Amino acid sequence: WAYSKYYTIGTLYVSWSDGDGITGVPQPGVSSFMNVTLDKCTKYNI
Amino acid sequence: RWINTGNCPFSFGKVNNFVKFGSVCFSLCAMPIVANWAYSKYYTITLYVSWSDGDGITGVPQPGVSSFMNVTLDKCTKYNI
Numbered sequence: 404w405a406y407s408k409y410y411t412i413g414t415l416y417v418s419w420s421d422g423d424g425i426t427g428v429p430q431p434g435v436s437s438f439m440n441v442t443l444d445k446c447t448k449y450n451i
Numbered sequence: 359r360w364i365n366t367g368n369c370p371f372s373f374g375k376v377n378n379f380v381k382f383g384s385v386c387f388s389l396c397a398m399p400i401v402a403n404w405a406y407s408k409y410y411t412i414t415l416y417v418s419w420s421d422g423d424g425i426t427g428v429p430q431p434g435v436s437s438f439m440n441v442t443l444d445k446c447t448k449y450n451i
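From first to last, the protein sequence lines stand for chains C and B.
When the letters of the first sequence are read in order and numbered with the deposited numbering, they come out as residues 404 to 431, 434 to 451.
When the letters of the second sequence are read in order and numbered with the deposited numbering, they come out as residues 359 to 360, 364 to 389, 396 to 412, 414 to 431, 434 to 451.
Please note that a few of the clues may not be correct.
Stated by the list, open to error - Partner residues are not named here, just some residues of chain C that face chain B (Cβ under 10 Å, in silico):
#	residue
1	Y406
2	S407
3	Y409
4	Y410
5	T414
6	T442
7	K445
If you're looking for bench data, these hints aren't it; they were derived computationally from the structure.
All residues carry an ideal CB built from backbone N, CA and C; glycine is no exception.
Modelling step: build the complete structure from the supplied sequences, incorporating the hints.
Shown next, in the form of structure tokens:
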């Protein structure tokens, strides 16, 4: 409230293993996307 | 011949020395309690808190609109200004 009071209305707990096979994706059966732009300075996740 | 700070980012008691938080709540960080036999055996018998940093609540050593100024000049003070 008003950056003046805080109330922990609950808690979410996460457990995680390191490794792969789970990744974030910006959107939800084969073949990778590869949107690549040349010449423009570009943030990448290659 | 019979309150360790543990992992908390502050020590109990000392919290009365004008430390500030954004919020804090208590339940029964790890603030273990121990009883000791002649410093020779130790048995725990635990406090927990949650906090958010910031300001709005302050620990004070002793206790509605005004403010005082306990000031002491020309001598080596421990100030908290």
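Here's how the hints hold up against the structure:
no.	hint	verdict
1	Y406	holds (8 Å)
2	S407	holds (6 Å)
3	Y409	holds (4 Å)
4	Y410	holds (8 Å)
5	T414	holds (9 Å)
6	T442	violated (41 Å)
7	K445	violated (40 Å)
Checked against the numbered hints given earlier, the structure breaks hints 6, 7 and satisfies all the rest.
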